[PDB]
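Participant: As a plain string of letters, each chain reads:
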Amino acid sequence: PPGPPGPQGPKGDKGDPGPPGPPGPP
Amino acid sequence: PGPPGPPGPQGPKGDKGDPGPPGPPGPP
Amino acid sequence: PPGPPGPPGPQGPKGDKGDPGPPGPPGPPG
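Chains as they are written, first to last, in the entry's author numbering: chain C, 4 to 29; chain A, 2 to 29; chain B, 1 to 30.
Hints may be right or wrong, so weigh each one.
Unchecked claim - Capping the alpha-carbon separation at 27 Å, the derived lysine-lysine pairs in BS3-like fashion look like this: (1) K14/C - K17/A; (2) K14/B - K17/A; (3) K14/C - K17/B; (4) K14/A - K14/B; (5) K14/B - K14/C; (6) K17/C - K17/A; (7) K17/C - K14/B; (8) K14/A - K17/C; (9) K17/A - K17/B; (10) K17/B - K14/A; (11) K14/A - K14/C; (12) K17/B - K17/C.
Bear in mind the hints are in silico, worked out from the structure with no lab data behind them.
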């Protein structure tokens with residue numbers, strides 16, 4: 004009989020860093 | 002009974018981060 | 001003998017959300 008399911012796969016890559024924030028107020 | 006199968010697939014890439022904080026108030 | 005290797009495991013977790021971006025530029029001189 005074939006054996007049990009394998010282990011959980013690795014975590015995905017971290018998402019890309021976000022963009023610079025907006026300018027401050029004048 | 003056979004041994005455990007190979008590892009599962011790598012998970013998907015995370016979501017893009019948020020835009021950063023607003024910059025500092027301008028000076029006079 | 002022991003049977004053939006079994007099925008693949010579950011999908012790994014999604015990656016963490018990315019870091020926030022850098023601070024925005026200083027506002028214009030008023």
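Participant: Next, verify each hint and record whether it holds.
Facilitator: Outcome of the hint check:
1. Pair hint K14/C plus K17/A holds up; C-alpha atoms about 16 Å apart against a cutoff of 27 Å.
2. The straight-line distance between the Cα atoms of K14/B and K17/A is roughly 12 Å, inside the 27 Å bound, and the hint therefore holds.
3. A distance of roughly 12 Å separates the Cα atoms of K14/C and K17/B; the hinted pair therefore holds under the 27 Å criterion.
4. With a C-alpha separation of about 6 Å, the suggested pairing of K14/A with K14/B holds against the 27 Å cut-off.
5. For the hint linking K14/B to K14/C, the alpha-carbon distance of about 6 Å falls within 27 Å, and the restraint holds.
6. The hinted pair formed by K17/C and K17/A meets the criterion: a straight-line CA distance of about 9 Å does not exceed 27 Å.
7. Taking the CA atoms of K17/C and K14/B, the gap is near 8 Å; set against the 27 Å cutoff, the hint holds.
8. Pair hint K14/A plus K17/C holds up; C-alpha atoms about 6 Å apart against a cutoff of 27 Å.
9. For the hint linking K17/A to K17/B, the alpha-carbon distance of about 6 Å falls within 27 Å, and the restraint holds.
10. Proposed proximity of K17/B and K14/A is supported: the alpha carbons are some 9 Å apart, at most 27 Å.
11. A C-alpha spacing of about 9 Å is found between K14/A and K14/C, which places the hinted pair at or below 27 Å, so the restraint holds.
12. For the hint pairing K17/B with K17/C, the CA-to-CA distance comes to about 6 Å; that is within 27 Å, so the pair holds.
In this structure, none of the earlier numbered hints is contradicted; all agree with it.
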